[PDB]
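Only a single protein chain was left out; the remaining protein chains are all shown in position.
Order of writing sets the chain letters: A, B and C. Residues in each chain are counted from 1.
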Amino acid sequence: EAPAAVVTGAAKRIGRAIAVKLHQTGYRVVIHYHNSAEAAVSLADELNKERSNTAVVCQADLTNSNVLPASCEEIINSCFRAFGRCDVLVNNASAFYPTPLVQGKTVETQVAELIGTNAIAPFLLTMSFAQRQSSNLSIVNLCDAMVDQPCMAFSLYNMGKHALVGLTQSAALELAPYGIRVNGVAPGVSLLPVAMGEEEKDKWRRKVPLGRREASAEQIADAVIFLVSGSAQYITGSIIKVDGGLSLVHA
Amino acid sequence: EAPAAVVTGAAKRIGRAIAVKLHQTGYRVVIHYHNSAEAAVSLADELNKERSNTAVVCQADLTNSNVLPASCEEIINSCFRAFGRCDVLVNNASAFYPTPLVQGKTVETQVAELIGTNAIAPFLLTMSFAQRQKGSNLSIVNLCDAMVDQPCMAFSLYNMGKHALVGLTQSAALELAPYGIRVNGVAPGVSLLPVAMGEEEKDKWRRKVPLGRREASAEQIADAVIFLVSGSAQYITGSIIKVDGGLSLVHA
Amino acid sequence: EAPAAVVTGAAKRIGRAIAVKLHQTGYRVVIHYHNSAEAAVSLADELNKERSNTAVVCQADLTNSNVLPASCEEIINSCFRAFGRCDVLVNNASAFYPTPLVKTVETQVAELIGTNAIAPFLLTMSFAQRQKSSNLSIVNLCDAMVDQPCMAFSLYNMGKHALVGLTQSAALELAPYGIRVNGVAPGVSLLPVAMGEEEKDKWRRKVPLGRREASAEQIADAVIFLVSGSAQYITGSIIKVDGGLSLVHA
Partner (left out) sequence: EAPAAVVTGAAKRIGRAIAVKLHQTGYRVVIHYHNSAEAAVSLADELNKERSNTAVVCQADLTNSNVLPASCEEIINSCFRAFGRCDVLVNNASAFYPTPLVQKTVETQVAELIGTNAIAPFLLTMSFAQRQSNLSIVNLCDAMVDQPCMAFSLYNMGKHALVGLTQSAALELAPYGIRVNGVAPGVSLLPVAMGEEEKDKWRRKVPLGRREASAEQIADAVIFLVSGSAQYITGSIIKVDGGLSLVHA
């Protein structure tokens, strides 16, 4: 029987690349999305055309709130409803925008979105994943190789990604007796934001020692596929940088 | 004019010792508390007996909520009202309890309390501190955890909150450096053990500590805070000083 | 045509498993050894039985000395003379024993810092100087417990910390040549051969994931990943393969 995976924020960009690579490896996939319905459905169509009834979409807001635990439970439930099992959880979805400390969304909403998507929803999904469980069960968190060299005015995003390191490690420890491995993949610069001008993209690209270019989405996905594979069966609590050396570069 | 400091969770234990040492160094102090009003006021009475009108109290819940930004602005405002300045912020207050991943409070309440006290309230307090200096030896000290990367079993939300606080310490150091505000951390290993912890369990922890087989006094933690806010640390920002007796170096 | 790899300390244990897995992946191998000639030769004969002319051995002491640069250049040269190319270097060989603060101390320095750090550096130098479709990389065998050191192992621990520095420094400097430099950090894998089972069990019981040590093959699996086409943007990274051991407090 084929294994099944949940990928959050999987309609586009790195999450799509991860869903596609898992599918190509033989997984059935739940493509979670928030606003990108058309893209999520187009991806699911493509994957089901390759192999019937191996892709479903699942919509949810992962902003923090008192119903977020129920929403996260429902995402995991959606994998069991479609496929009867849930082997892999990939926490990819992420809000990302600056929140300057010195002076439109309220700061409460910014906290809820940035901390919710990058940390609290991963935690709740991890709880629900574990509660529902030869086998090769694992979680992969999308971290940030630059977490200790943060971008200016991104405090809440950075706090969220630091919390996600903590979750990765805490959950690795606590879920190891259940055979559930918990790891991270930490991009440096991969696909730059769609809104970024080409000159700003090239400023980042020129900083990367290995090739002066950003990681492709597929390169990020390659590290996720390794960590979910049998070739990583003793690996838990590890965060693999996929950054071309960027984090090693001084100012 | 004497400088002024805010210390969160200052009625007892490490926060109390930090407030006392700041006051002995010459600071005026805001003693923040949540439930410990009697002890906050007794501390203020002791400090004001030493120097009149140099200590005030301030009550607030630091759980995340719709009112937390306002609550944190009013803590910083209380320092300006009492003393006309706010030179130092010490983010000490902290909720601490296990949150197992597998199975009275709901998980969302636990998120609010553990992430609010350890991370979001420090962030909001940091914002309000800086904004009130938006136009001297100004600094922030965050109480971290030397064991952040060897966490206790079933403490995921606490640990996430302390990891977030490392990120805030570093992010705020970078962003606030142009304003001359330094942002640093002090990371205890084991200091004063929880009052509800059994004597046997306290001794198990003490026996793990390489340096002296004992926990840090609250005063030893406070000594590192005093260093970081002093003129002897004026080039130090974004640094987290472990005060742990070697505990974090000990393998399983 | 087949890529070629150098594996130091490849006659036994984790090095041997790495050499086997690289050979199974299609590499020609140089099996470096110091004292274990019979084991090195038996491995070579096994590999060449699988595919003729795909394995050679190379003897060298990797203790620090005045001759170590020449010894390291000769190891790399042996790969070129055998196979015409050198695509992968795996720095595995390692002296390991306690050196309490309270053999002469200069010999202990030479052996522990030489094998764990200075020979990796010199091999890296020589590897790169010969490279002054391709997928060139270096993998250093690190230690997941490098920041939670074992008592009285200061020189070993210094050597492994230096190896982290080498990994990162060489990743930065060699990136323009397309040479990636990464690490694999075991926690506990194969325990020392003479260690009593009761002592091995003290370690095993500490490992969150399965209460067991890693096989040599599981360590080799991470090396195979890092040298593969699936790791082409990964440089300067150290992958723990430790079952969560480094996360466990005292």
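Methods note: a contact is a pair of C-beta atoms (placed from the backbone, for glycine too) under 8 Å apart; a residue touches a chain by one contact, two chains touch by 3 or more.
Every visible chain touched by the undisplayed chain in the complete complex is listed here: A, B, C. Taking the complete complex into account, C:155 is the one of C:7, C:14, C:55 or C:155 that touches the chain left out. The residue from A:79, A:125, A:176 or A:248 that touches the chain not shown here is A:248.
Contact with the omitted chain, checked across B:24, B:35 or B:232, is made by B:232.
Touching the missing chain, out of B:6, B:72 or B:241, is residue B:241. With the whole complex as reference, residues 170, 173-174, 177-178, 180, 182, 210-212, 216-217, 220, 223-224, 226-227, 232-239, 241-246, 248-250 of subunit B touch the missing chain.
For subunit C, the residues touching the chain absent from view are 64-66, 68-69, 100-102, 104-106, 109, 113, 117-118, 121-122, 124-125, 128-129, 132, 146-147, 149, 151-155, 157-166, 168-170, 172-174, 177. Panel shows subunit A; residues 146, 148-151, 207, 246-251 of it touch the chain omitted from the view.
Here is the rule we go by: only the chains that are shown with their structure count from here on.
Shown here, the protein chains touch in all possible pairs.
Chains A-B form the pair with the most C-beta pairs in contact. Each chain gets one centre point, the mean of its Cα atoms, and the points for subunit A and subunit C are 32 Å apart.
Centroids of subunit B and subunit C (each the mean of its C-alpha atoms) stand 44 Å apart. Shared interface positions of subunit B, i.e. residues touching 2 or more other chains, are given as 149, 151.
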